[PDB]
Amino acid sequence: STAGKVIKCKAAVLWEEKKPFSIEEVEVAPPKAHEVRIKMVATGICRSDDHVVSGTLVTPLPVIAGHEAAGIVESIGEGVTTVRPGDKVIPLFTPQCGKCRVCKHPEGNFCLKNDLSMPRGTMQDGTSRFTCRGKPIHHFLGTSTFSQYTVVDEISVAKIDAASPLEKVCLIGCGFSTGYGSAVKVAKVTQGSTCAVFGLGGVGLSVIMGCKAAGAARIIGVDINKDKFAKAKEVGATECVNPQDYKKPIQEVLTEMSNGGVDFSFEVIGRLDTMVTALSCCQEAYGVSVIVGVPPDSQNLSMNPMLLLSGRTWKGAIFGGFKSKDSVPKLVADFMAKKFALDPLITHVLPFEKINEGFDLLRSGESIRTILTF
């Protein structure tokens, strides 16, 4: 029995940038008031986790990363009402406090309680539940899913279907929901439209899924890795283009292909140059471009505002625009009801102990999502 006790378990600790994860014993404190301690079942490897390793994302180190996951509630702190021990849950890397001006807004999802903008690497109360070799270890996005056990604030966890296959639905914790929502909710892709999707990883494939669900007539995948094209076509891409095959800039190619610009474009990579290319390739009077990717910390892009003055719309979003705690249980119900597929995103299933091998698969271009199983 572990309730009320410190748990000693295995986790993947990141001690410094640009080094492998260290798989070793940590101590996980019991949950305080309004906190939930979760036994992890499965976690995906998202490129955003790799950004912490590479220094593309700055967050306090040392850290337990991981934000795309599913598990089972081990215990609850005083005052928790939304989950109980034994419940299947998905941690929410974007919280939903329900009380802030964003949570109360019909179209906001970036709750002011988030730990993304100005990361502290703590629980809501400004403390950590993790130690390792006698040192405090930071949280990541209020989730820290690269551990056999984590502790999250109640506002950062959603209860899901007890019959959920956790090794699949962990993807609703980040990559699927982000891409799918970016298309259906943030862009609001229209029936018969032409879309361009820059980046054909797990998130870009989920954007394709959403564009197809929304009835797009044409979905042009763009990637410099042609090995990504076959799966992009399987989930709905009608064409794929590799910028490296062209003498012209790809914005010009895509404008020509779409007879004057696309209806909707998506940046799903994380590069400043592809953000401006994606904006430019949408039709100048009525096009919409959505930034999904995460670029290198503190770097500015350069652009000509005439791109906007003609009528383009440029937007971005976290987690597909979904209000996280309302949406995650509905997405899992929709998955259970066969409304979308997750298997096309899963290329590799490894034990948690092989986390580093999973990151190497992502970095080499081989994988879409590796699911780590605890």
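Positions refer to the first chain, counted from 1. Only the largest set of C-alpha atoms that superpose within 1.5 Å between the two forms is called the rigid core. What changes on going to the form deposited in another entry:
- Comparing the two forms between the two forms on the rigid core, the single residue of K113, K226, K159, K188 with a CA shift of 2 Å or greater is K226.
- With the core held fixed between the two forms, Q251 has its Cα displaced by at least 2 Å.
- Annotation for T82: C-alpha shift under 2 angstroms between the two forms, rigid core superposed.
- Superposed on the core, the two forms barely differ at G98: its CA moves less than 2 Å between the two forms.
Since we've got the form deposited in one PDB entry here, give me the form deposited in another entry too.
Chain alone follows, minus partners and molecules.
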């Protein structure tokens, strides 16, 4: 009838680097103790899944990527208590073991039981829940959501509102929370403040919303593509500056506009130079700059430490600084409240079989966000 045993579905497998995804037939073993098996309803395509493909983000291959999705619980293993079959959920790429040095810390969120630091591409027990033909296939993070079914550990799953449109809230899985959290939890934006966001992409758009929910009073969005300027404005940016029309460094034109410099700056592109530029357009005495992302293959940036000496702060974070298991559920509750919208972000919805087409839209172009539906 149901499941309590091996399943057979299609999943997008990466056998080799820089090769497309091969839609294959795989077997998904039943959940062991404290594991949960989920049937995917939708998964978004994020830059990091693409790194894996390039070999930039180094994790054991073949693998089953994806980490930004929402689904419905099919079956739960022994000792599980946070979810029940039928429950809407969101796989968590940043766990919440809830008892490490970091989980217990009032601010920390990068659970020690994560798998990006030193990826293993397995489950918490060190075995894989996947095989294609006779070959085991590795997990991605603790999610591997580019499969019709996946198994995740209980500290890597969040139970959400049962009324949740899983085709839209899947965003809270990475893209949206990463940006939004950077503003409201990491930089801890104050109201009346002036903010600058470098990069008007999806995560970028997310920050501008956090800055807005946060109460900010002025949000300058900066990008060298005039095209991205409308949604940003529509979603929250009060200004949009294209550094390509100025005849001077924009850190300069930025400090001039902010009359001393912005209160908080966000670098959501991942560029080294822009990393330093965003640092300097921040008010020298009490400005806070946040790095939302740095490519897995990033090199060292040159910086003058006198930049920090005045009184400036430089932070980083993963997953918008949010305690994953505790917060994901609340972001949904707020989305449900009518609080924020997620629609201006979804620019494309494709059937899951057309994954490689999703990556093309992504890889080169403008597709703010492509959602793969199962």
